[PDB]
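Encoded as structure tokens, the following chain is the form deposited without thymidine-5'-phosphate (TMP), with no partner shown.
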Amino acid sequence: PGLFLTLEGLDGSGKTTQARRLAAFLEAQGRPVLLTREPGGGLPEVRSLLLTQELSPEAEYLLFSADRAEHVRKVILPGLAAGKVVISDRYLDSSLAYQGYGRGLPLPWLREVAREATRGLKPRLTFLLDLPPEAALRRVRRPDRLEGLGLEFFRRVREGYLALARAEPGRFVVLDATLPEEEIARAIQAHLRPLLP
């Protein structure tokens, strides 16, 4: 039986680091793992196409969705059927936070599109590394994709993630990303222990 886990948060939150550490932990326990990420896990060329000038938010979401559709069908679902713990650094939630709450695309449309794109595949758990957007922005420069975009954009993203976590409190594990790195890794692993076992 596979297990689908995701990690989410602003760039700089630590989700990338924690995704890697979790993979390495499970590998040390003899468990097969697939460590992946969006965007690019399905169609790597979408990472390039996402640097098109003045790209509409709609087309941006649809390109992310095409990538995610391949990601689910070619990478994630086969890994799960193979019994792996498939860990994605970003999944659907990132599109809802960034393109929904961030860019203002209507959420019902985002979800109508995602319904087939994902085949309804949802993570068993999702680790949200939460922290203030001012704090995120100081840790690391933004993706080339997200320049111009100001503090208020990132606030809407941060709050959107938190609204997603409120609606799906069983799925979302919200962690304070200003805790020490070891403490976040400890908490992630504590959440996973009864599942892996």
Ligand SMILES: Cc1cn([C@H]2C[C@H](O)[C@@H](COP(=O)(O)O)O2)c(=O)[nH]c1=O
Contents of the next structure:
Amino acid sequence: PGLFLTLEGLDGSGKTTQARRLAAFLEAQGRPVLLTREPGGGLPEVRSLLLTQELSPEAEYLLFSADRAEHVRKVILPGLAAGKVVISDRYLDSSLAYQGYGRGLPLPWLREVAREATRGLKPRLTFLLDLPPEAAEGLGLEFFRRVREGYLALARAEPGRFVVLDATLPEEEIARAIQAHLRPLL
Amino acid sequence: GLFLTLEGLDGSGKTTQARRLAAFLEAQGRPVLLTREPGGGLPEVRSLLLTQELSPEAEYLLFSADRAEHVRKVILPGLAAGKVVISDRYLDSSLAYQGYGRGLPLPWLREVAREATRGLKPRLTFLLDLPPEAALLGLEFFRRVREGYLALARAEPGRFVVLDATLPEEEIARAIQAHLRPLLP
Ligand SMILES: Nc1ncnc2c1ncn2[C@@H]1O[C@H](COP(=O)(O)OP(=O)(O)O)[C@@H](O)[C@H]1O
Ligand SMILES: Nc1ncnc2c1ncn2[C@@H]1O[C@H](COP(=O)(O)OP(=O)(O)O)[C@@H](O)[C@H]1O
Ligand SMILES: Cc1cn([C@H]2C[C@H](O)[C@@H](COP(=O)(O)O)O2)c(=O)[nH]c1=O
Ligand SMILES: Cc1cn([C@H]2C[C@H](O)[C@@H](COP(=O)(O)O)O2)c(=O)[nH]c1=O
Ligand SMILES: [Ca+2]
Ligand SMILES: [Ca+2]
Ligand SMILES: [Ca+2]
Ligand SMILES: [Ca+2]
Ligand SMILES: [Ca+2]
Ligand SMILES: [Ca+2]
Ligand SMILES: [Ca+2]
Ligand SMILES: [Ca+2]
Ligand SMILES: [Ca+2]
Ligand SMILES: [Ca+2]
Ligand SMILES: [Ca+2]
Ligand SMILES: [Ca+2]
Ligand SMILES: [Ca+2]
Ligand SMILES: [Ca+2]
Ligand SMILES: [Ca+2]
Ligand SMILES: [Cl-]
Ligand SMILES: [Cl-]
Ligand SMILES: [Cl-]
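For the form solved in complex with thymidine-5'-phosphate (TMP) instead of the form deposited without thymidine-5'-phosphate (TMP), what are the coordinates?
Time for the whole complex; same chain goes first.
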């Protein structure tokens, strides 16, 4: 039961904006909704750990995964079991784009760590707000270009799961597009 | 450099023997670095785990994040400077506690560890073995851990040295020294 949805995209791409608009939209339709986010939905203190200066990308990813493991077990799976629409503002694809394409960590390793962390849980749809890198720990332009292109590659590899939207479109037009993709599921 | 670890249950004498081992090495003029897990990489992970109860998976992943920093910032640089690096707990702790204790599958733990450690393995690991009731869930968890350590040791008899932790401090230290002497001048 339940429906698992996520929002993805670069910093400043509108994920939180659209995630919250979606939650209220579905709540107004009488649907039970659980709005959550990463990092911090499993282990809130992970945000502190993530700020540590000079963190290796390996330790960085392992922190995101620790949070993700707790998040899936304690928040997402129980919410879905109750028949809720669970919306996560970021999920695993964030690590793949940032720690994989951005930091250069090997994707298969990321995936293998993820397999137990997530228990294989994948969103039914993922809305990728595609933002030019200039518009967006070493998070400079070259990193954001890698991450931006990584997300687009992840979307090409799973074109049924990913819905790619132009993040520069007006907020209301993006929301209407998100709603239209959901209409057949809800 | 030379990488050595100590392993065993809480109260098995790890920190004590790690201290005596460093002292022995100092007496021979051998540069030594004493370190520990958890907290050698990310001190905040230690303090957080002190007061927080998590899923085994999340717990292991924090120990691994800490371990990843520990290897990179402390252990590998120590070894590159030619030090004998002693870690009071390392990967075998996760295998015994999170693997055998909490039930996580070992091959998954090891694939996570593979990038976290950069494949860095101790040359020797001294396991200070004793029943949980002799250490200086209830007891069933700690028995799973103690048996897990012994499982690990019998799978890698070239790396593990298993000592009777109930012996007097000095005898154990001399036992450790005996095992180590072939690896030094
Ligand atoms: N479609 C949009 N066009 C222009 N600005 C937007 C749009 N959506 C959100 N914003 C604004 O951009 C900033 C970043 O939005 P936010 O939702 O925080 O992005 P993210 O959560 O992906 O970092 C906010 O100031 C927000 O008001
Ligand atoms: N061989 C031994 N015999 C008796 N007491 C010991 C011995 N080794 C250590 N101790 C004492 O036992 C306690 C636990 O030792 P410690 O080195 O802290 O173990 P761990 O680091 O494994 O928890 C300490 O109070 C220490 O003084
Ligand atoms: C969830 C997640 C976030 N991030 C980054 C994106 C942001 O720069 C930062 C905080 O995310 P937030 O701004 O969406 O809360 O964490 C990763 O690098 N990997 C991840 O897995
Ligand atoms: C290093 C490590 C320790 N532990 C446990 C064993 C001890 O109970 C505790 C360490 O406590 P300490 O920080 O007071 O020595 O952490 C694990 O469960 N897994 C690990 O990987
Ligand atoms: Ca984007
Ligand atoms: Ca946001
Ligand atoms: Ca929306
Ligand atoms: Ca803090
Ligand atoms: Ca996370
Ligand atoms: Ca993960
Ligand atoms: Ca996602
Ligand atoms: Ca960083
Ligand atoms: Ca509208
Ligand atoms: Ca100790
Ligand atoms: Ca650790
Ligand atoms: Ca590890
Ligand atoms: Ca005891
Ligand atoms: Ca066991
Ligand atoms: Ca055994
Ligand atoms: Cl797909
Ligand atoms: Cl679009
Ligand atoms: Cl012995």
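Residues that one form lacks are left out of the comparison. Here, rigid core means the biggest group of C-alpha atoms that superpose within 1.5 Å across both forms. Residue numbers count along the first chain shown, from 1.
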Report task. For a shift of 2 angstroms or more at every C-alpha, which runs of three or more consecutive residues qualify between these two forms, with the core superposed? Result -> 147-149
